[PDB]
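Listed below, chain by chain, are the residues.
2 protein chains.
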Amino acid sequence: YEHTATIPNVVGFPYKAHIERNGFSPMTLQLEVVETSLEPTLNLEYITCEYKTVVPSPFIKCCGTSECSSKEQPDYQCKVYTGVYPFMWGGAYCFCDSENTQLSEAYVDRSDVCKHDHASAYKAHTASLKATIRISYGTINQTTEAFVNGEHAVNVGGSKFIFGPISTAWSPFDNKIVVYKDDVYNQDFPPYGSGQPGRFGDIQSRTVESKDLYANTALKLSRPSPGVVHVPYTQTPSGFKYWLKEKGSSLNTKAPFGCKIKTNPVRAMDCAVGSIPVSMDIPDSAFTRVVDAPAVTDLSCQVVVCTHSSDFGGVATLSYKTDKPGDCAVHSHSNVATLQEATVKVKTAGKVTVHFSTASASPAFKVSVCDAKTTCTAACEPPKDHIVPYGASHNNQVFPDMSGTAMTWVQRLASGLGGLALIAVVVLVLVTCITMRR
Amino acid sequence: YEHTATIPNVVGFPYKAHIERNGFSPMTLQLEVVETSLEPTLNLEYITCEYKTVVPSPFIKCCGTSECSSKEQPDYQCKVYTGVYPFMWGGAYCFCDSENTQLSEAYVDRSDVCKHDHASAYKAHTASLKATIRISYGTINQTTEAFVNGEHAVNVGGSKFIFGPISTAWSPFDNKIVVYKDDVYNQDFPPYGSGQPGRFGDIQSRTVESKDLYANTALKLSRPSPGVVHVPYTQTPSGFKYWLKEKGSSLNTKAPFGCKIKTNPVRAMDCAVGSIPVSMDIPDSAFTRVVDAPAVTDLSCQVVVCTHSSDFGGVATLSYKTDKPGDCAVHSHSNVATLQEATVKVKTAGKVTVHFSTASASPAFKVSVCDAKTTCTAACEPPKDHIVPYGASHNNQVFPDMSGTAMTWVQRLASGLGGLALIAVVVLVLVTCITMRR
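Keeping their order, the protein sequence lines are chains E and M. The end of the first sequence is residue 438 by the deposited numbering, with every number in the run present. The end of the second sequence is residue 438 by the deposited numbering, with every number in the run present.
No lab work stands behind these hints, which were simulated from the structure alone. Worth double-checking, as some hints may not be accurate.
A pair counts as met if it fits within one copy or between any two copies, since identical chains are not told apart.
As the list claims (entries may be wrong) - No more than 20 angstroms apart at the CA atoms, straight line, and that leaves these computed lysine to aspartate or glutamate pairs for DMTMM-like:
1. 123 to 39
2. 160 to 212
3. 373 to 20
4. 160 to 72
5. 220 to 109
6. 123 to 151
7. 130 to 212
8. 160 to 2
9. 211 to 145
10. 176 to 151
Please take these sequences and the hints and turn them into a complete structure.
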């Protein structure tokens, strides 16, 4: 039996889907989203980490000269300084007072811990949503993971569910992402081969292991101080070690819709956005036949108390006649007010209670109990507590029923002025017939 | 020096970009695409392979009976058959003539070679070009791999190049892809958990190594023949071993634009589609100053021969008056004809020859040598050979020059009829003037 629903993508909000069927007593399923995991597809652009600057001992050539030569190493600098006369602890290092040259050499390399302390610049796109749904109905009460697309049928109790395409493609990850340990950053990182000194990605590596490193750290050698051996040099400090303090708080503290951001893999958990279609194929063995169910009749509804609070702040008492005791599926056919319980034990004592949640000062909604249907109506007070630690169980529909007091006054006004306008029309049509004839 | 070009995404077409600059003698770069690799992002949906049907020996209980149990194994079938009376080679297996049962049991498993002989169903999206470009100018003559987006500067000879976003996002891979060894198949494979018996994906596994296997092979047990031990059963033949003979030929034989399709990773090589923007940042050290270049003057052209064949079928000798010998850059400013050589050795002998490829019956194009410019004009014959093993070196622009013989005849006809029409208009207007005076 194919049935379709559309549940909110709201975690821990148990949606009730009501399946009325021809030969069988109606069935209510609960569909509660236990988790979701919106996971982007990632392309690694490059790895960044602190640089190491490699500065050998100066090749001081006493009484001679020592030409420099190029090398392939990143940001490599080499210069030969003529006319040095350096001292060591025991005296001058060279015999010649001026015919000496110091070869100074320095270059940049990936740090020794870059395998362990690095940030990955990713492009992030085409997110796929996996949800954990709890399905329950009758004896079946089971939790199953499903990919939220029109293309993964998951078995529950012999039923197959397809959780159709998520209503919106939205995701909190921008097109460019930086990932670092537990944290994710929306960050327009500099393209590979164009990173700049003292900013994130001043050195860049296409992978943690890659032999080829882009480095642009503005390393410049300068001439050694007179009589001093030290290979002096200036270089712009590590842009990664600037980023680590400049980061701010990560996307986990900033994502919309209450998303909780996690890494390994990069995913946005529990984003309370959109709605999930469901296709439900329920077998006949799930239902009970109308010959088995109680013949609930003359169902009526009285609301004992109602508060339009965020929890199940209203209490209905349902009263009826029945031929036998037994379970009945119970539902509210209006989003004005949702019900706490999916099923009720109908008993020959002829009365039942059902708890409901609404956002409106005067709801009206058609409850059913098995085949029987009735209209509940209430006067609902506002709550006293301004703020609560839980989300609404209602659908936030606030427009009052036309039988409510506000709409009653509106009806009395509009029928008063309309009746006066009708009398004015009657008078004018009467007179204008006379002035047509005469 | 920021400069921009746009090269055809045609492998081995040696596009030549001409830089004209105020302080410096002009420069022609070659930009030859050696390879492209259009690689889709792949999400693995599931693994398919031939199933192994596991059928234990029949548990025949003599003089007794057996219950049986459901097991959480794929496609698992079990039935107990009452009243068996089997014969082994030496006689009846059981004493009792009807108080016996055979427990027949069978289930589906993944085949033992599914680690090796399996097909992986992927979704393919947001393909990224990588291209191998050969850059040459002067003594710099070098090959660099670049990602073709506006976001990867590569250094050649101290010059940055950015190969901008490919003009079209086309790729030969459909949204759903099946990969098998060297082959890629465009194939709408069945969603996971919905594969059907005897067709591709009758068994499905989310990964090669996963513990959980979907199976839907229509395995059914049937009663053992009287007096025979054999566990009879029917099952639909492996949908993967049907697919292997039904595949046909892979996307490698069918992709548009001449794409060559390869795996590990899935990539479409050398697709001849679109054009690649280029940004150049050439340093001044690459140029030569106009004080150093030849002062080429009195440049004039005659075309010694021209066939508008797919190769460089035209030859144009350039007569010039220099002041010194030197290397001059040479370029053709009109895309009706592409030159073969980017530079020419200017000699005091005052003549040299240049080869060009054209597709039109009569091109005219502004050749330049250093600063000097002249218009070459030709009358080009068609080639004799109907088919050639190589692509056109020209841009396939075929409209003739307005000074060509066809357009000369059109100009004669159109100016003759236009002149006669103007004379008729003048006669009419003059007659209207005279009859206005009268």
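- Query: Among all the numbered hints in the text so far, which are the ones the structure does not match?
  - Reply: none
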